[PDB]
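Taking the form deposited in one PDB entry, here's one chain by itself in structure tokens.
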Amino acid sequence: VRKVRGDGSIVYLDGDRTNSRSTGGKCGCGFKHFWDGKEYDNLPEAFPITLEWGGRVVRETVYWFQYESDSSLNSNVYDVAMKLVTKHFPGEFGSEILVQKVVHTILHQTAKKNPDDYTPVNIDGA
């Protein structure tokens, strides 16, 4: 149980089992789960990625969102990498090289190409 937002919408922190029907699947739940203020047909994958810049080490885990029915909530290496670099190296010149590096790393990691395997993030609840 969680707090409510007045109108009746639960706070629904990351990974919660929402009340919306899962248009997609591969979850055995039949409901859209929650992540960063949005509803997704299935839990995102996750993999660590190293961000090296100015001698700074960052242990940031990228959350991939492939296998999404709406075809609009699916992840995007360019957007994801831009967000990561901006969040961890805001306003630093030459960050585009780091963004390209992160894009390549995410593409390689997500290119395991075993669509049968999914590895949902380990989150309690459905």
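For the two forms, the rigid core is made up of the largest set of C-alpha atoms that agree within 1.5 Å on superposition. Numbering follows the first chain given and starts at 1. Compared with the form deposited in another entry:
- After superposition on the rigid core, displacement of the C-alpha of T110 between the two forms stays below 2 Å.
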Given for the second form:
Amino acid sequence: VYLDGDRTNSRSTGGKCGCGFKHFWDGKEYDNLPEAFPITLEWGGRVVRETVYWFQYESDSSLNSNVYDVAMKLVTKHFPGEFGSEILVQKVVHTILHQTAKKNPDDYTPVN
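Show the form deposited in another entry, please, because up to now only the form deposited in one PDB entry has appeared in this conversation.
The text that comes after this line covers the one chain and nothing more.
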């Protein structure tokens, strides 16, 4: 099987890596490599640290990362069944959206 982000036989289409091969990540076959951003959670006293991977440059429009789903998954995985946790969802959405800005079209530093 494919582990992660390897030079698969599938041909990359418009990828910025330049190898011409697609990349594998979390059970899916992607073109480029994601970035990484740190996020802190502090709901209900407990504090956890996490990293978020963001996909912004891609060929198909159904594959680019969606904030309202990434934040929902992050909250559910670490705070399952907590009452009134949508405030944390809104806060993390705002934080990731603010810190994912692309003011200059050169902030592309994908993780190895």
